[PDB]
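Q: Here is what each chain is made of, one letter per residue.
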Amino acid sequence: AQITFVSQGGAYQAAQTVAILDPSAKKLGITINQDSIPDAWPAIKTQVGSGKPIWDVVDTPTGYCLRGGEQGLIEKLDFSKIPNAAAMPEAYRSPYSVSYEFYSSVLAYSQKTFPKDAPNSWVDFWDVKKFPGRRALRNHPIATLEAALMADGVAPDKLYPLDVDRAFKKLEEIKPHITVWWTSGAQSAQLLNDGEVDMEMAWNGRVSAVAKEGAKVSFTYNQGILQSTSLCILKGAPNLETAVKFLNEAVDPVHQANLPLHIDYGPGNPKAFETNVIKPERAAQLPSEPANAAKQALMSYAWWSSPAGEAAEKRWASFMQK
Amino acid sequence: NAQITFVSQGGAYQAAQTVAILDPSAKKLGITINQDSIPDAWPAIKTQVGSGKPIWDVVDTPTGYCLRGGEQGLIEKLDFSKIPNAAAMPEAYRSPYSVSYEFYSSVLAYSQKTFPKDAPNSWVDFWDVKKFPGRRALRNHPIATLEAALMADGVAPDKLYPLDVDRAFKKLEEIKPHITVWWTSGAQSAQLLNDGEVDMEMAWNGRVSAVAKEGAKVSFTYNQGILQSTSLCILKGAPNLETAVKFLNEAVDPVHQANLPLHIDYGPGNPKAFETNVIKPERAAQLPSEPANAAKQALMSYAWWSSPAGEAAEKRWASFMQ
Amino acid sequence: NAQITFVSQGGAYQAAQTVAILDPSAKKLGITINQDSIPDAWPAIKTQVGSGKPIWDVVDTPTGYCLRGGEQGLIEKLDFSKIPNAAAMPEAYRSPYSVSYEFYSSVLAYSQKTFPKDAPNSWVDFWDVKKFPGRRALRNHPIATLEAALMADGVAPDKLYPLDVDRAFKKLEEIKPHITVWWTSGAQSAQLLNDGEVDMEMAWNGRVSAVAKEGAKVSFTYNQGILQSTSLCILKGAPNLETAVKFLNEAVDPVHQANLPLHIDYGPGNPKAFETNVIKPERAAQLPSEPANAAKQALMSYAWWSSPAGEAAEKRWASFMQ
Amino acid sequence: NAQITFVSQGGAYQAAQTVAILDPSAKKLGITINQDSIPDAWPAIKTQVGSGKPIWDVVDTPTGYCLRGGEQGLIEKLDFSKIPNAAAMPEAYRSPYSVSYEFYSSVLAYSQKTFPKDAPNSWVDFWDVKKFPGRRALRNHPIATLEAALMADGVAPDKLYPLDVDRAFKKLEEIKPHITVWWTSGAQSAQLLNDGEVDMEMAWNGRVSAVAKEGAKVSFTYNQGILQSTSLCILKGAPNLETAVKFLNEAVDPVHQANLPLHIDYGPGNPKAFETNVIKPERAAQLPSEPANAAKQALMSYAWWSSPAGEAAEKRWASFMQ
Amino acid sequence: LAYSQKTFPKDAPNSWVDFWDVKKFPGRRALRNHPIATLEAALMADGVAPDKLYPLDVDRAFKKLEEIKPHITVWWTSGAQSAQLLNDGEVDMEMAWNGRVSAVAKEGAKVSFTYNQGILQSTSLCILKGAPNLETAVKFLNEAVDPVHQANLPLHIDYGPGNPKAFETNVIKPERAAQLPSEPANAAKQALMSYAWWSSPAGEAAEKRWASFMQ
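Protein chains in written order, with this note's numbering: chain D, 1 to 322; chain E, 1 to 322; chain R, 1 to 322; chain W, 1 to 322; chain F, 1 to 215.
Simulated from the structure, these hints should not be mistaken for lab results. Note that the Cβ used here is the ideal one computed from N, Cα and C, for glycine as well. Hints are not guaranteed to be accurate.
[Stated by the list, open to error] Straight line, CA to CA, 30 Å or less: simulated DSBU-like cross-link-like pairs of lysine-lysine: (1) W:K113 to E:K159; (2) E:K27 to D:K212; (3) R:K280 to W:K27; (4) R:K217 to E:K315; (5) R:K217 to E:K77; (6) D:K169 to F:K69; (7) R:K27 to W:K28; (8) R:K315 to E:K77; (9) W:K53 to F:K69; (10) W:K113 to R:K217.
[Said to hold, decoys possible] With beta-carbon atoms standing in for the labels, derived distance ranges: (11) F:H34 to E:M321: 40 to 48 Å; (12) E:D158 to D:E310: 19 to 27 Å; (13) F:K24 to D:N139: 53 to 61 Å; (14) D:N139 to R:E314: 17 to 25 Å.
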């Protein structure tokens, strides 16, 4: 018995392997074959459309599960066969997916440049007079638009539906003060590590990893953008039954709880915190810890997976080729 | 507690490295190995090393890039008096800047549904559309592709270098109208075999074996395969040089190395692995660098590919496609 | 009758080489030296050598390129047992792939009409717009320009490398509004001085010398000049390798070398030229590499410029100029 | 002590001038001739003359520029009663602003390896890819290229002008998909023939001759060649006008002029050179402007190229190249 | 800096810092599609004093212009266009030539402008080399800057005399003089354009960057 499981590789997938994949395989008595890809969406469309996908279970940003679900590419899950998922709050799942882990886009900064009074909101990030320094943002509209709108005074809990015109105007304002628009996590970490930028939006796991390596940098969860990936199963998956069994083990509280032990991302399953696996100190550094989550804007995957999301993506090229 | 960051290509391959090599090495040495992944490391290595403060220590990459990189001052000249295991390897398995890590092959893969009895068995067959009818795929890339085209034109695997590049392109022009798809990712090449979009293709042996093990009625031959390898090297200015040198020595340990093909269909970079008695005869017989399989194959010349003529050949690909 | 093709940068410089080095070497060796000229040989060298059949044999080029070239296998590793005049030069004047041919400087040049007395005498003066008012030019290129900026900021000429690139750019951004013209060719730089469009500029000393000979009231100082050189190398695959090797030996013969300064204001690549008694004392005192003159200057580090840090600095220049 | 600055296009061409013309002229007049080199003098001529203080006195440039320059008041009107050698040349060889200095051809060059018999012999042949298979190159510039396109479309060599530019471009668009490369430099055009990247191309006869003499199995025909010339002129505001005029007289001395072809495959500007018995019969047979060679060629019309139609043709070139 | 008195019946924008502050001074804006005077205004908006502009810090001017770009409704190319934009209320404020603003105001448009941080410019007479009527042209030049002739120009258009002696003739009435760009008190409020800077290579380079900027 076997499945093919795909995620984003790197430290993140190594972490998953120790905390989730190996224990599940042993518990279930199955072989979990792995693959990795930066962005699964184009491949999903192709694999599913063929009628014979090679992938069973995909770990992907949650909005793709919704979009794939809505377009008939992804299995409607039968939760009475996935009790660990069924027991999670309904906000942590969709008809097509279950939350797997939480990550943040955050305002990261150099402690050399800002030993005191670091920028602490997108308002600050946009204020090049009050907080001088080289800046970077991600070459992608996801989270970037949210940051622009908060920079323009929008409360973290009143972002959606995004006022995309408003967001782009703000981005155009900051553009001449943006040193580079990063394309990869590794690049965003290198920019902080070598001092090319004094502040930037970056995924929290990249920042903490490079700080662990020795870099004098840090970040704040204040006005962070709280996001997640989810597990889903491709329509036509060659090992549907075994995939379904795996989904249940993948969101097991203890397995979930071991994930933060190897990488700075929060468990998809909130019951993870009650396993007594995570040290209090470690728990307090996680993106999805209640106290950290309340400082952040919760990304709306309903918005991003809709036609407004797509339209915003299509505008991004126009904004960049500018 | 000392650490390094090790970078490879992710997916099943990096997971196998972790079980066979990284975990046991980290345990033996008493260090933490932080992992990262990237399809092509070199643009990043240039940027990282150029900054003087690289975040990566050790990179696993196709051997030819180690030669190019070492020549450009991007990776460390290795002191083999500190790497006993590497020093004990034959000189043809290392360079001043790298040590062979694992062997893989580009092979003629084919559908068993299409060829139940008389499957194509050479690039000559691959080019013979009348004799072996069917949809075909090749990689959108000059490496290995040029070699196969020359072998199709009757050139013996061990007489390829220096490559007759005009001759290879002429032969490729001939087949071009019969190519259904020029693939760009390993996963794509697997999907093509799995859903029957192609009846035969060049593909990395690891991708074929994987989709076959998943249930696909497909297979491949090592005959006229292109035998290749990746090597480990250390970034110039690596933050954890000393630890990284120590890891390199554990990484090419006969035993650790002999364990790699227990987990994936690739050959050990260190041929001493075959003298360890961990790889059973039946299993070795399936590996790219097993003596009898190697004898059927073209051994890629990284000296040729990394030379001015190799660069010129690469630059011509761009205009050959489109 | 044996022959080679010799490539340099044309102009007064190549004319001066012909009289002092080329013709006497050809006559001495009984060969024909066919000449060519190009502003920048690198791109053609890549193309020619990558073809396996270059048309050029011996190239005269800024020393930094020789280093990168040799590493990448574009030029011959020389056998100095066959080039005794070179072998007897101090090791600092040669590489495994090349030999010092000639020394030139980037200097602070200035109008004597504008500065009858108290002319600017350092890059600190050049940056000091209130003390030394007037129109100024710099070269549109990072080489020498960054060093001048660091010296402007108080760095000592013998303590420049490795360059603090950030600091150079910061000083450069400060003078930028005060730069009248960023020149792109030697001839342009001479014309700017000659017609009074600038009152001071960085310029090559040969260009300034020539304009002053024509009668223009201009001069320069060696103080804080950037001392640079070109070297001779042989293309890999040179069609006349043997003859080329013999020419190199004649090219750095002390007497031939000593005659070069008789016809242009550059110093000999071979310091033994000063011992030949060919050059008049008064003339020697005008040369870029005369000891007293060299001591006032920054000695360009071709090791630094040819390194990844140097490449990264060149890549930033584009961003800076726009 | 008298002095001038003389500028030409460098390379073998300028070295050849130095031996045959510059040095004997300097010695005869008792003056110093300072040399410079530039690929294309026109933009610098405009800047230099505009300033009122050009650094150059005498310019050797394609004849069309001298005419354009004279018409725009940038070039000195010559008093021919002070230049007897030029005044004794036929009117067709001089303008009010300039005197013919040497003749060169753009010719159909080809590989004797591809064409050991029945070589392409006209532009109609060059355009017929069916009758004459092989890789082709033309110059990336409209000069001579348009004339060839018109001849390929059946226009007689002596009925080209004024050029039917629309018709020339349609014809060039027709051949475009069969042009392997559009060369930008003479050295490049020589390398393309030498390494067999093309089997035929338009090239300057001097480049083809030189590579042939170096050992390349290539040749060319003068049939339908485009016969061109450079001319000497004096810049308005020349700082050494009087000396420059005296030099002009020596530069077109029949014996000096006759010596040019002994060192390079270009014809004398002054046809009286053929009366000196300096040029041997065999040698003369190789020259662009020998009567029988000239009779086979289209004589470039500098009236047409110096006019507004020439400028407009140049502006269309940029548009054409896509 | 011209503006609408309908949008701003009180507390009008009064400097380039005001023009750049879209929060404090809401409304549609236009600038000229050309770097001349535009760069000077951008620098003043970034806090540079009117008498400390030159030589222009062009990099800094462009960063500042890029900042305002998403708030510029239109980049006008002609004077008539700039007048029409104010007249029909398509913008509430814009940089414009004072003559255009004055004329549309006099026609009945509820608009005005301030000389504060204005950019004070000039045209000059010159004779072309090879002029077919050089001698006559020279004589004309003398009459063209006659104080009384010059003093009459401002009676017909809102531009100041090239020749300051015009103010000595008593042809220009006090009220009228108060409206002119080069009257001492108006001139004192403005940045005086440096033609040395614009005629130099830096000026040319600034112009070449303009095309690139407009996207």
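Q: What's the verdict on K169 of chain D and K69 of chain F, does the C-alpha distance respect the 30 Å limit or exceed it?
A: Within the cut-off at roughly 9 Å; holds.
Q: Is the hinted pair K27 of chain R and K28 of chain W satisfied, with a Cα-Cα distance of at most 30 Å?
A: holds (24 Å)
Q: Using the C-beta atoms of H34 of chain F and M321 of chain E, is the stated range 40 to 48 Å upheld?
A: holds (44 Å)
Q: Taken at face value, is the distance from the CA of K212 of chain D to the CA of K27 of chain E at most 30 Å?
A: holds (20 Å)
Q: Are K217 of chain R and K315 of chain E close enough, with their CA atoms no more than 30 Å apart?
A: The hint is violated at about 51 Å.
Q: Confirm or reject the claim that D158 of chain E and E310 of chain D have a C-beta distance inside 19 to 27 Å.
A: Once the Cβ atoms are compared, 54 Å apart, the range 19 to 27 Å for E310 of chain D and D158 of chain E is violated.
Q: Given the hinted pair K217 of chain R and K77 of chain E, is their alpha-carbon gap at most 30 Å?
A: Violated, at about 53 Å.
Q: Given the proposed pairing of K53 of chain W with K69 of chain F, does the C-alpha separation stay at or below 30 Å?
A: Not OK: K53 of chain W and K69 of chain F at ~43 Å, beyond 30 Å, violated.
Q: Within 17 to 25 Å or not, the Cβ separation of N139 of chain D and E314 of chain R?
A: holds (23 Å)
Q: Taking only the CA atoms, is the gap from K280 of chain R to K27 of chain W under or equal to 30 Å?
A: Cα-Cα ~23 Å, so holds.
Q: Can you confirm whether the C-alpha distance between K315 of chain R and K77 of chain E stays at or below 30 Å?
A: It holds: about 25 Å lies between the C-alpha atoms, which stays within 30 Å.
Q: Would the hint linking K113 of chain W and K159 of chain E be met if the CA-CA limit is 30 Å?
A: holds (25 Å)
Checked against the numbered hints listed earlier, the structure breaks hints 4, 5, 9, 10, 12 and 13; every other hint is satisfied.
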